[PDB]
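Each chain, written out:
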Amino acid sequence: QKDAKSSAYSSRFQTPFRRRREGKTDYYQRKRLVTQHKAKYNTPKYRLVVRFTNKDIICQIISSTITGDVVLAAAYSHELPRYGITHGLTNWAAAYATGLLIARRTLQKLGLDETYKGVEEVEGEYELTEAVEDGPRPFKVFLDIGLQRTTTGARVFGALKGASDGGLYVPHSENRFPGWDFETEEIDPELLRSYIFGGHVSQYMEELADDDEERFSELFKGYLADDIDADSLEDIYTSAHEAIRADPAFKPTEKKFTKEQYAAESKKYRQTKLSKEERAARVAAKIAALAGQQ
Amino acid sequence: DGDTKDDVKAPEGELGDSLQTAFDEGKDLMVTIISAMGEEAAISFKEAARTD
Amino acid sequence: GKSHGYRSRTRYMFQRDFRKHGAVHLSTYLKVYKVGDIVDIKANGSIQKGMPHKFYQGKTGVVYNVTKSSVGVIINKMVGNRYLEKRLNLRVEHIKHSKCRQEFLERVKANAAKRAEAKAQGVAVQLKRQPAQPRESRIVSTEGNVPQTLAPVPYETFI
Amino acid sequence: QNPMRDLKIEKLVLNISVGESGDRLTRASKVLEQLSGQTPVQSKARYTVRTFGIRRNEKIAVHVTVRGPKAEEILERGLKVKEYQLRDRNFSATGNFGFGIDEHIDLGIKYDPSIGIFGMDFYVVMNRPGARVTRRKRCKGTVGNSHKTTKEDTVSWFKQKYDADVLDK
RNA sequence: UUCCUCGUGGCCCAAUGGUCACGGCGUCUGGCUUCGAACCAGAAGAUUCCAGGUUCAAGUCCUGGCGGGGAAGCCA
RNA sequence: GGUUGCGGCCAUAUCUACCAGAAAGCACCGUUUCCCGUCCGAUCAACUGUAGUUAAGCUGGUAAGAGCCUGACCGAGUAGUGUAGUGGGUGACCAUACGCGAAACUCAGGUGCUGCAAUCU
RNA sequence: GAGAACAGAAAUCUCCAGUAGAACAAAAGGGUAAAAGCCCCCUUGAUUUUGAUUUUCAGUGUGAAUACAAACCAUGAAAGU
RNA sequence: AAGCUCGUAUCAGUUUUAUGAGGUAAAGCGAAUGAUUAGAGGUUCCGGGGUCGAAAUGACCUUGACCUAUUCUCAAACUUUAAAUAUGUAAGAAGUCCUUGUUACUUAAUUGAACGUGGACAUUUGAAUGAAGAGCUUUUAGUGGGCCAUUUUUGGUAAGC
Ligand SMILES: [Mg+2]
Ligand SMILES: [Mg+2]
Ligand SMILES: [Mg+2]
Ligand SMILES: [Mg+2]
Ligand SMILES: [Mg+2]
Ligand SMILES: [Mg+2]
Ligand SMILES: [Mg+2]
Ligand SMILES: [Mg+2]
Ligand SMILES: [Mg+2]
Ligand SMILES: [Mg+2]
Ligand SMILES: [Mg+2]
Ligand SMILES: [Mg+2]
Ligand SMILES: [Mg+2]
Ligand SMILES: [Mg+2]
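Top line first, the protein sequences correspond to chains A, B, C and D. Position one of the first sequence corresponds to residue 1 (the numbering used here), numbered consecutively onward. Position one of the second sequence corresponds to residue 1001 (the numbering used here), numbered consecutively onward. Position one of the third sequence corresponds to residue 2001 (the numbering used here), numbered consecutively onward. Position one of the fourth sequence corresponds to residue 3001 (the numbering used here), numbered consecutively onward.
Everything labelled a hint here was simulated from the structure, so no lab data went into it. Don't take each hint at face value.
Here are the simulated EDC-like pairs of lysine to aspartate or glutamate, each with C-alpha atoms no more than 20 angstroms apart in a straight line [unchecked claim]:
#, chain 1, residue 1, chain 2, residue 2
1, D, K3140, A, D26
2, D, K3008, D, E3073
3, A, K256, A, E79
4, C, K2020, A, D26
5, D, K3011, D, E3072
6, D, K3137, A, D56
7, D, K3059, D, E3083
8, A, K38, C, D2037
9, D, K3137, A, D26
10, A, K40, C, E2093
11, D, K3148, A, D3
12, D, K3151, A, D3
13, A, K2, D, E3152
14, D, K3137, A, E22
15, A, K38, C, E2093
16, A, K31, C, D2037
17, A, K40, C, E2106
18, C, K2128, C, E2106
19, C, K2031, A, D69
20, D, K3151, D, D3165
21, A, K38, C, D2040
22, A, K140, A, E127
23, D, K3140, A, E22
Modelling step: build the complete structure from the supplied sequences, incorporating the hints.
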């Protein structure tokens, strides 16, 4: 009835490319990101892409070619258990840790790890990775936040701060970090440092612990089940950071199976196409029955 | 909008004399102004007494 | 009065396409242009900045300058009884590599291959291209292909 | 089947279409905040009609959005004003419904003479959970055919809950 | 043919883009008179000659049509 | 082979109506102290992954489906057009010689391919 | 298109469809959908120094426009503009 | 006209190969815009109406819209598609490949960019045909009312307009 579009409309319709149809890429942003100064002929532009799905965080370094994009290194949230983090795999601190991980991962595989050590005595101060004198002018990369909404205190910038302390040079102002005083234009390092170490979580423990117990039970259940205390939350993060700076080399999984076996089961499981000869028989039978007086 | 124009000085014209006669009982005096080459005077009268 | 603007008589020449409106695909910005590349010009109507004048549509020239967002091109223009070279500055959206060269230097490297290989045993490599030669003799059998006799068709109205 | 496709209220929209701005406009706005606990918003007119006596952007009407248990509370408090009976045509074809009332004083604010007397227009937007698929920014999509509300579903839900009835048709 | 002008209450006309719009005569009700006038209190009535575009609003701003009136038409 | 992140070509990829989806992923989904934003924690912000569900999103399949794409001595060597004649015709126009060559229409076939990295009974 | 008191063909609000059939100071034509359209926040690059180039062209001028360099700035978290 | 530098070339009113651009001819309107003849089926909580009706979100007809599927004909300032003829560029020595030198530019980086050293590849050195010599400079006369023919085409009924 009303749910009908004319042939002329369907024949004159323009479709978005593919990604604008799926609503995943801002091509208006991609323009400004991947475009390279034409006098710098083949010098690629590397992007720090950060995405935030449920229960996981993704960080990658991507350059672009005509045939497709190419990635240097990637760092996911779910590998933190290797480095001593088991819960809150998407919190602000988890983001900062991931940014640190990918930072050391890249500089390690690029040979820029001994130089440009980064920042170790983290204090929530706003400082950039300055170039060492007569040195290799540290690596440069830009954020690619995608469709994610920019806002003060957003956890996407936690990855930025993770990389910047990790040793990468990421150009940025500080007026979007959490703790940025608004009516007067300054930053609060104490609050920023607290966020870097989960301060807003360890602090949030105390109220629920002193006000409502079943609420303290259903969420943070893993904390009780594994005996982690509010005060102990900073320590595990600090112990982690050293592990990342010790070995970011991205040990992969073992997969306990093969590519072929996975293919075999999916191949046998998925519905297949129907051949033209069968389709013709099917319609012929449909005439034979429905039109054939049943 | 504004409270200005201590200008035109109320032309001596007999139509203006009738305007002044009909003024003191009120009814929403409308007046027109002509300001060619700066030198300006009030030429025409009109009434719009609704206030509703 | 008469009217000769900068974009006069460009009503159809700058219409974009059918079902190809919207933004430009990134491959254009991913292209790399060197000095000395020979390149055609086709104005994109969606990018008003750095457009070429309508006369240069469909022309081909040589790159002589590269800047952050544009490319300097040399075009030969016939005026009067001679040619004058004109120097342009065009954003990459009105720019695409002329594949004529891309095809050409494949020949150059192919001839290099044949020349060296044939030089290894001296058999007169014979690099030059030749036009379509008149076809040489051949024999045609009728086996299972007995010739068919045709005849003119009479007139019928067919309406 | 029916695992988790239960029907719930998104929002209640309360509208008062004052034909002009000014003091009466302010007095009308002064009503809603006691009923809601929210700050109301006053909507402008989009073109002149010159017979209703409105200019463009003359800021004629007021409306408020209320959601959650507060919303269903106000909805219940209005249904008693309608004595739990609504005529059929009031129910939208997409599963929403609404009705108008007079004399907002029939609930809450006794009279409070500085305000005066005003009527309202309660309206309800109705669907199933998981509807943010059409509201999020990333991967925006449309809801499936079988998962949409309808006249038949909304009527039956309005009977089974609030144990009310529908009029002639 | 051109150019110009005009068309608005029953009649003659006036009109500030910002109120269905103004005057005078005319019409209606009541009063005075034996009665009609004159006179005294009060009212009402207009698709601004036909269609579009602009404006937020168009009698008005303008473009397209109908009817009326005026001027021009000379050197041979 | 499935899934996710970033893509390239930009409908064979869109649209309508139904059906199916192990595992993982994605998703919906729970809460409001903190950073943050709204009439409204609906979007956006933050926390948990715990309380649940494949209903939806998404993927795939089905339709003498719309559309889209490719092809054919189907239409058609037709329409049109470059060069020549002391060619025809009163004329409008039309054939011939050497060349190029459509669109509509009909029929047949198809209904995304692919790069990098990560994960999956 | 379907619904809500006064409210009706035209007042405000909600849902569904909606390739632009609207809007972008003006005449007309191109161009534009997470925008070039609507709303909001901050600003003055509508700045300084002369050069090169395109149109009209004699390859003169004027008008208009394009791409840089050397400074000082605006905006955005950033690439950028 | 005066010549000058050189001696078969840094050529050409030409064709071929390769590769670009165009919106005319044609064609189309059951494809966007506009025009336009005709019937058919629905839809009126909703046009004008009439009949049964007091009316109904009742029924039956008729005329106009509205929608759906069809039908006849059109566009210099309409269009999906789209010729023929004309038109841009390339077919090497000012070239190709290998190695490493300069830079205050650029790169995360001797990474790139541009310009070079040295080494290797010649008359089949990279399609056809011709080349009557090729290139370059100065100075000055006359001219700046045109007309005719084929083809395309504007105003006009038309014209030796
Ligand atoms: Mg943006
Ligand atoms: Mg074109
Ligand atoms: Mg009387
Ligand atoms: Mg924007
Ligand atoms: Mg000039
Ligand atoms: Mg043309
Ligand atoms: Mg034609
Ligand atoms: Mg056609
Ligand atoms: Mg048409
Ligand atoms: Mg050609
Ligand atoms: Mg002389
Ligand atoms: Mg001369
Ligand atoms: Mg002269
Ligand atoms: Mg003369």
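Quick check: which numbered hints come out false for this structure?
As far as the earlier hints go, 7, 16, 17 are violated by this structure, in ascending order.
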